Structures are given as structure tokens and as C-alpha cells.
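**Q** One letter stands for each residue in the lines below.
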Amino acid sequence: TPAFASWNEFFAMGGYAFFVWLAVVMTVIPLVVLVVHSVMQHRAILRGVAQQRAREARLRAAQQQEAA
Amino acid sequence: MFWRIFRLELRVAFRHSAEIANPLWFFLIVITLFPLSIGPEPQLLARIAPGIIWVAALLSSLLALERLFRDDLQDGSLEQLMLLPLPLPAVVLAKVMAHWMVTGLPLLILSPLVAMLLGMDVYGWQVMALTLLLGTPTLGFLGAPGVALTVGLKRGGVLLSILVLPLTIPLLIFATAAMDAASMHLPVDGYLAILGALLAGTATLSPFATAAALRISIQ
Amino acid sequence: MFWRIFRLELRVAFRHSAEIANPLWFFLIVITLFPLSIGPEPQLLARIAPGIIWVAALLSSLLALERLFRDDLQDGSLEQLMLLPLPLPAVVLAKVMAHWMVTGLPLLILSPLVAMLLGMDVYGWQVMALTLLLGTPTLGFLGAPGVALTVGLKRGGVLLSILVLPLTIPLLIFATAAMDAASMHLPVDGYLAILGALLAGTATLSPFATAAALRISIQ
Amino acid sequence: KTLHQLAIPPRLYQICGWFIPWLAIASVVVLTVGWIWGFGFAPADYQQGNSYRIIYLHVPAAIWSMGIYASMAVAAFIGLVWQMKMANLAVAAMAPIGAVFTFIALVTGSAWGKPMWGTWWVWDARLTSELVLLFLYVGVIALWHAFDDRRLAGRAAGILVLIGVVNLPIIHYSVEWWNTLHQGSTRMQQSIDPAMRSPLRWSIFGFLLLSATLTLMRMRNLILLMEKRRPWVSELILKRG
Amino acid sequence: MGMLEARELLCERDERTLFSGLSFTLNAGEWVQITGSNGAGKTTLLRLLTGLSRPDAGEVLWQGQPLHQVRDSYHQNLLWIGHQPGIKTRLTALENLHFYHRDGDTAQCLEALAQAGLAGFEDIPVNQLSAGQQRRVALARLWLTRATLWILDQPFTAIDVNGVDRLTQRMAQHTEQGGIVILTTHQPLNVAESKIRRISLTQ
Amino acid sequence: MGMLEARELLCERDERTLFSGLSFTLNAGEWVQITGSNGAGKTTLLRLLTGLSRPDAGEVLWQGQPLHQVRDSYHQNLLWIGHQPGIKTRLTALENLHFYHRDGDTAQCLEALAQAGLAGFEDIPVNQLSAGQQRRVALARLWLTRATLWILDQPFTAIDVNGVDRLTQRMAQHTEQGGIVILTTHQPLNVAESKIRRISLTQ
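Protein chains in written order, with our numbering: chain A, 1 to 68; chain B, 1001 to 1219; chain C, 2001 to 2219; chain D, 3001 to 3241; chain E, 4001 to 4203; chain F, 5001 to 5203.
Misleading hints may appear alongside valid ones.
As the list claims (entries may be wrong) - Here are some chain C residues pointing at chain D (derived, C-beta under 8 Å):
no., residue
1, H2016
2, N2022
3, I2029
4, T2032
5, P2035
6, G2039
7, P2040
8, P2042
As the list claims (entries may be wrong) - Calculated pairs, BS3-like style, for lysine-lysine (alpha carbon to alpha carbon, straight line, at most 30 Å):
no., chain 1, residue 1, chain 2, residue 2
9, B, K1154, E, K4088
10, F, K5042, C, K2154
11, B, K1154, C, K2154
12, E, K4088, C, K2154
The set of hints was computed from the structure by calculation and includes no laboratory data.
Positions of the beta carbon are idealized from the N, C-alpha and C atoms, including for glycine.
Just chain A, same shape as in the assembly:
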């Protein structure tokens, strides 16, 4: 059933292979970098909200110092 019987000719399709694999790598790169960018920005904004909570935690600590 497979059109390509040999595993090696799956990497060399009749001399047109390099441009096909260039299309493959320029297909993989932008989608992967988009997904990693968006997941990293989600984690970064969560960490930024955590650090923000740290800074008004210090502000309420200073308010308790002022009250005492």
C-alpha cells in the first residue's frame, strides 16, 4: 500500500526533495514559535500578576507599619 517503498526515498523524492523539505521547515517554524510565544506570554503575565500581588502585599505591610 505505501507509495514510497523505501525509507530512504521518503527523504529524496526524485530530486525535488530539498525544496519540499524547505517548505516543511518553513511550515513548522512559525506555528511552533507562535505557540511557544503565546504559552510563554501567558506564563509571563501570570508571573507579572504574582509580582504585582507581591508589591501591594508590601504596600499593606507598610500600611500596617503606619497604623502600628
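Starting from the structure of chain A, add chains B, C, D, E and F where the hints point.
**A** Frame of chain A, contents of chains B, C, D, E and F only:
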């Protein structure tokens, strides 16, 4: 008050003349620029100058387009022009019409002069001038919402051209094809009707949404 | 504080994390815009590439040149730049060198792609970069004085526009002739040398003249 | 009903976090089987040969570029009709996904034109149209990232998307005038064999699911960015700890 | 019924809130001053009452009809002077007044400009004038208009000592015959508390 | 000998002599307030003392050296505020203040903004603020500068009374040490008359 807004816009545009001279000399420098750089072989100029004149007018009017709503925000004029007893799209139409007659109209006056530097015939001049007449209001109408979206922002640069020019491509395509065919002594009335339908569509649609965009930007 | 003026001009130019792309994409707008009118045949474009890229670069520089001396007048920041404890020619040198960050080096980054889109060859790309690196700063330095004079007291009718655009004649005519003569394989070092000489001359003589121009402009 | 309570942003976050992982797993398995059954277990067309398989990596993303622009209009119109301010964030969510899909379509179309054209880029049909769509995506991205405020940016982006979807048929018909006049081109788009076409439809389905996954999770990222100090994010980060 | 009515104006915006729940009404012929805590928010309130900026929640009413429908009648009975001068810098002052309705003949000309203290400087360009008298141009607009409703944002800004007394009398003579004025200032007024109403931006 | 002195200054703008032959020497630690009567002419004189405008006649002198020669030391000891704030609208308040000297570390940062009245508004863009706050960010420079000479052109415009009181309280300490300030406001200022010296324009 529609003609009153028209008269005020014409007077305030004509009171200074420093910023109206930049696009006209940009048009002149592009037209003077290309034939000397390309070369004096006559087989090239008759086919290349149809693109040259129209894109020169395009880039000249994109250089001119920034005056339409930018200065009125720091003068507080927009906050009173939205307050007049007249709907905002009519005022927008008046201002864009004045913007056309301050910088788009002298292109037609300069057209007999610009025809001399690059050859052509009397039929080519007539077709090119009439297509400029039918094309420059269309460009102003298509460029109005970009300026309206870019009122409140400080930016007066590449973003306006980025918003305008992809919307403005079909006018360039049809006008260049029309007058290129007119260079071949073929009748070009159908392309002229297409340009007229384009102007009718812009006049129907563009000031109706430019007012909404201007209302969004100022708030 | 020289470099601090540099960094502040860079910060008012670029605001968000991914914002540098718009000067990169506007140049592609113009580079696609010319063949939309002219044609798709791949030899005429190789013939007319110098006019293409030089008109595009002139449009970008003239579009972004306003913020040097026009915006800072109304906000009043220009006055406390004038009273900053540093000589004014160094200040205007910093400001124009920050202006070169907007148009020149994005153009140098995008030169291979627009060379590939316009055909040409590897020698065309090499001479293309070597003339762009010398042509953008002299364009900014030569566009600075006319903008400096046009900021002056608002009475001047028509004569001030001759100081800003028609000074580009020797620069652009020398550059386009060199880039056209680079199409057919010929020695082109004698034109790059005079372009570099013009660059050195205008870089020496521009800020000291524009300092007195800004002194005259606001009185 | 549930459509009225869909607009509350913590509830939108919760339903989005419900939808993301199963949607991503379905997307990746459908895209995996589509790519496997496309690149393998299929012969090539007679004329161009083994390069014909690039018609996979070119076709759905390109049309879904068009598709996602239509979806953006479906957002933007709503964002002007009832002033549903939640609908404007979907425009900024869907814009760079469309930009990436248009870029990948342009790259595959340029790379596959080599065996006949010779030059990497020849100013033929469908590629000018993809370039114009990419330019419109650049305009929407610039207008979103240009405003200092978010709500005005979203509504201005909706206005720009409405103007673009109004003017887009004119561009798509006027660029075709370069294909009747000014020489001709070959049938590069959908010159297909009728017996073996199901992997292409499964690839259409696979991007659709991937585009939905990316636009939902980016809409989640924007709904975190927008509601910075409101206490539901506070309860979220407290539940984290 | 009141001429200008407010209903639950919510203007929480830009990751903060400004005010909540104001429902103030004005009948014919009143004087009101918005209270002062910060620089603005009062300015945003005045922009909400004039119809330039849309409310987030709640609405305003003019003669019992919402403002998105009665735009013509509202625009025929209002003028706006804010922080912006509202004049074109390039043009001269006389035609800056002449753009607005009437002016023209001397029954509405040269005393609209004279009574605001800008006599002798009519045909001078605006760019060679002080910013205080640039604002006095927009204050001089008040003498030649017949709008029943005035909404003024900072009239007493860079204004000379005599200008305050010159302005307050004219706003009073507007105030008796059913002229509703909505004022924002920072300078104190030499006006008794009884005849002026106070609507406060509550917290 | 005083630090800043003025000799036979002449100003002429469009056939009107704004001021002619005014001369005044300023000793160290003084609170000169120019009064004036017209809107413009005080602004031009304050502008010309700083060296923006070359005098038509006469000269302004600084430790015996005129302003066209000793610029590099004259600009190192001056703080100027005009009708326009001189700030950049798009940038934040913190970066706009950090452009000028020092700021940075907390010994010179975040209390200069706080004592002006701008606590909790440090990171917000200047465009998204009040015009009173857009000038308050410019008035906040006084707490961190090392300039002996200050010339302020209408400082108390649309700043609340608490801000005015805190400003003048800061001005008192600069008056006690060696430092000359020239201010011009229409509002009366609430301090003893004996400490303020009036240099009024005469004709």
C-alpha cells in the same frame, strides 16, 4: 452652513502655502526623475509613463492627506465641528471636498505641463486629465477613514499610508490600464464607467463611516 | 546626555514590544506598489529599480522627517532641549542620527528581499547596500535644514519649500546614475567616492547651520 | 440564556480553559493523520511530479486566511452593532493568526513555483492577492498595537476590518484583470486528481481545529491582559497558591 | 420638568473608576459648579453631559428625550469652551467669531469683542497673541450667542483680574431669564452661596 | 554684585513697544514677582531673560558675562517652565522626569512626584491625565533639581489649592538659600508682602 464650512476650510488651507507645496513638487520631482534615470529610448517611455504619472499622484496625495484632520485637534476645532446643527457626515464631506480642491485640483491644471515632459498626444492628455478628475475625489474619500482613525494618535507617518494604499490599489489598476489602452487608440469608455462606479461607491460609503471613526477617535 | 537624547528619540519612536515592523512593511508597500501600475515583465523592473528604491526611500524619509522639528514646538519640549547644558549642533546631530534609525537601517535589512523581488543580481545587491548606507544619512542631514526653517513664525507664503526638497537633486541624480551603471558590469567606485565625499561634507556642515536655523526660527 | 452569560470575562475564561486541551488533542491527531496520509501513501501528478505534494501545505491555510478574515468581519460587525465590547477583543485575537497563515501560504506558493518559473518570485496571480491580505493583516496589527488604550483600539480595529471586508471583493476581482490581460498563468491552485482528494479535506479540517485552538487561547491571553486589577483574576491567582 | 436631566451615569474606565450613580437634574435658570478634588473627571463628566463621549452606563436627557435622537435641537442650543481654545490659530480673531452664527453686522459685532476686553486687537493674527486672550476669544463668544444652555470648562484660566468681574456679571444676566450654566473652575467666585447650586462628584 | 541683572531691555512687536528700557539687578535669595497688566509682554520678558529671545536693545547679564558667551554654565543653573509644559505626551511621567538630570534612584525619585500631588499616577501615560496634572508633572521638577535660578511662567494654573500651598512652601526654602526665582501669576499668592519684591513694567 455646509458652504460656510467649505469656505472656512478653503480659507484656512489657502492662508498658509508651505504645506501645500510639498506634494506638488513631489509630483514634479517624480515625473522629472524617472525619464532621466531610465534613459531616452522612446520605446520604453510611452508604456512606462502611465504607471509613473498615476503612482506619482498617488504618493503625492498620500503626502498631502495628513492635513485633513490633524491640526484641528490641538486647536479644538473638531470638538466644535461635531457640535454644529448639521450631521457629521455632511461636515466630513465638506472638509474632504475642500481637501480635494486645495491639492487634487491643481494636478488637472498642471496636466498640460506634465504632458510635455514625457511625450504623449492630445487624446492621451484628455483621457489622463478626465481620469484624474474622476479619480482624485475617490482617493480622498478612501483616505478619509484612515486619517479619521489616526486623529487622536500623535503618529503622522507610515501607518496612515499602510491603512490607505491597499484600499486604493483598484483605482490605480483601473486608471493605469485605462489610459494605457487609450495610448493604443482603443476606446476606453467601459473603464471610465468602472471608475465612475468606483467614485459613486466611495461617495456612498466612505463619509458615512468616516464620521463614526472620527467619533471613536476623539472620545 | 547625548546618548540619552538618542535613547529618548528611539523611545518615542518605538512604543510597544513588536512595533518596529511598520517602517519595514511600508517599504514593501511601495516596492509592490510600483509594479502594480508598471508591469510584471522581469527586465523592465531590473532597468527601473534605481528610481523605484530611491523614490521609496525619499518618501519614507520625507514622511518621517517632520517629528524632528515640528512636533516638539507645540509641546514645548524643543525649548528645554535648547536650554539643555549641551551645544545645540550636538543636539540636532543626535536627533537626526536618531532619525536615521527609522528609515535607513530597516532599509538596509530589507534590501535583499526587495532586490530578490526586483530581480537584479548579487553585485546589484552589494552596490545597492553600499550606496544605501551612504545615501540615507546625507538624505536626513540635507532634509533637516528646510524643516528647521519651516518651523519659523507662521507668515511665510511659498518660498520656504524650495529649501527642503529641491536640494536632493545632486544626491539623487548621482546615486541613480551609479545604480543604473551598476546594472551593466562597469567600474562604479568613482561615484561611491563622490557620494561619500558629499556625505562627509554635509555631515560636517549640517548641524552648525541647523543650529542657527533653529535660532532664527523661534525668536 | 447561556449566550447572555457568555459575556462575563471570568466565565469566558472558565469555558475557554474547558475547551482548550481536548480541542488541541483533536487538532493534533487530525493534523497528524492528515499530514501522514498526504505526504505518504499517495502518488504524484504526472506533469510536475513529486513537488505536487506541496499543494497540501499551501491550500487550506491560504483559504483559511480568507476564512479567518471573514470570521473577523463576523466579530467586527457585532462590535459596531450592539457595542458588545467583548467582541472587539476577538479581532485582535484572530489578526496575527491570520497573518501567520497568510505568510505560510505565501512562502509555500513561492517555493512551489520553482520547477517552471525558475525565479523564486514571479509576479503571477493569487500571490498578489495573498500579499494584499497580508498587508491588511499588517494594518490591523498596527492599528491594534498603535493605541495606548485597549477599548478604542478594539473598536477602531473593528472599523478597519469592516472597511477591509467591504473593499476586499473589489481587490479580488481587480487583481484577476492581471490574469486575463497581461499574459497568462497555469492552473496552479487546484489542479487535482479526483480519486485521491480526502487528505486535502482532512488537512482543511486540521487547520480549522488548529486555528480554533490558537484563537481561543490567545483570546484567553487577551482577557487576562484586559482585566488587570479586577478581583476575578485575584481569585484565580489565589486558587493557584 | 427639568431641561437637563441625568440618570445613573457610570464612567468606570481605564482599569479604574471615577464616580458612580449621579442623577442630578437642572430646571430652567440655574447656576451650578462641579466640585474639585483632582484635575479632571469633572472634564469627563462635562464631556458626558454635552454628548461628545458616550456613557458606559446610564444616560442623559434633554426635555425628556435621549440625546442620540435629539442631536439637532441639542446642538442648536449649546456651546462648548473646554481646555482647548476652540479657535483656529491661523485665522484672524474677527472671522473666528464670524464662523459662529450671526456676528456680521455691528449689532452683534465689535462689542462682542469689545466687552471681553479685546478692543484694539481685532485684525491681528492669533499666533502673535497671548494664550489668555486666545481664551478670551472663546469667552467673547458668549456675548453674541443665544443658546439657553452654557457648559463651560475652566473659563477662568489665564484670565486677568478685571476679566473675572467682567465675565461673572454677563453669566448672571444670562442666568435670570432661564439660562442654565454648568461651570467648572478652580478660582473662587465673589458670588453668594445661595444663588449658586453645588452638585458634587461624590467620592 | 547680583547674579542676574537686566540692562536697558527693549521689546517691540508689531508697532507696539511692549516694554522699553527696563533695568533690574537681582540679589541672591529673592522672590521677584513680575506683575504686568497685559497678557503678552510678561511672557516675552520672562522668555527673553532665559535667553530664548535676543533682546532688540540692551542685554541680560549673568555674573558679568552676557548670555551669548556663558551659555554652558548659564544653562546648568536654570529651570524654566512656560505656558506649555515642555513634556512629551506619549511617554510616561516617570520617563519624562527621568529625561532630566538625576531622578533615577529613590533618593531623588518617587517623592518628587508624590509631593506634587501625584501618588498612584506614576506609570499612567501623560495623554491619559489631566491638563492640571500635565503641568503638575512639570512642576514636580523643583524637588530634584540643583539649579539656583528658576523662572516660572504662570505656575499656578489649574492646580488645586493644596498643590499651590505645597508649591509655595517648597519655594520658601529655595528663597532662604541662595536662589532667584521669577514667577508671574494672575491669582494672588498668600504669603507676607514684605518678602516679595515687585518689579512692575512701566511706560
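**Q** Each hint should be assessed against the structure and marked as holding or not.
**A** Here is how each hint holds up against the structure:
1. For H2016/C, the interface hint holds, since its Cβ comes within 8 Å of a Cβ in chain D; the closest pair sits about 5 Å apart.
2. Against a cut-off of 8 Å between C-beta atoms, the interface hint on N2022/C holds, since the closest Cβ of chain D lies about 5 Å away.
3. At a threshold of 8 Å, the smallest CB-CB gap from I2029/C to chain D is about 7 Å, leaving the interface hint in force.
4. This hint holds: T2032/C has a C-beta 6 Å from the nearest C-beta of chain D, less than the 8 Å allowed.
5. Nearest Cβ of chain D to the Cβ of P2035/C: about 6 Å, under the 8 Å cut. The hint holds.
6. Interface restraint check for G2039/C: the shortest CB-CB distance to chain D comes to about 7 Å, inside 8 Å, so the restraint holds.
7. For the restraint placing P2040/C at the interface with chain D, the shortest Cβ-Cβ distance is roughly 4 Å, inside the 8 Å limit, so the hint holds.
8. Proximity of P2042/C to chain D holds as hinted, the smallest CB-CB distance being about 7 Å (cut-off 8 Å).
9. About 19 Å separates the Cα atoms of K1154/B and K4088/E, which keeps this hinted pair within 30 Å; it holds.
10. Distance restraint check for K5042/F and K2154/C: the Cα-Cα separation of roughly 22 Å lies within the 30 Å cut-off, and the hinted pair is therefore satisfied.
11. Note on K1154/B and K2154/C: the hinted pairing holds, with a Cα-Cα distance of about 21 Å set against a maximum of 30 Å.
12. Between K4088/E and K2154/C the alpha-carbon distance is near 13 Å, which keeps this suggested pair within the 30 Å criterion.
Checked against the numbered hints above, the structure violates none of them.
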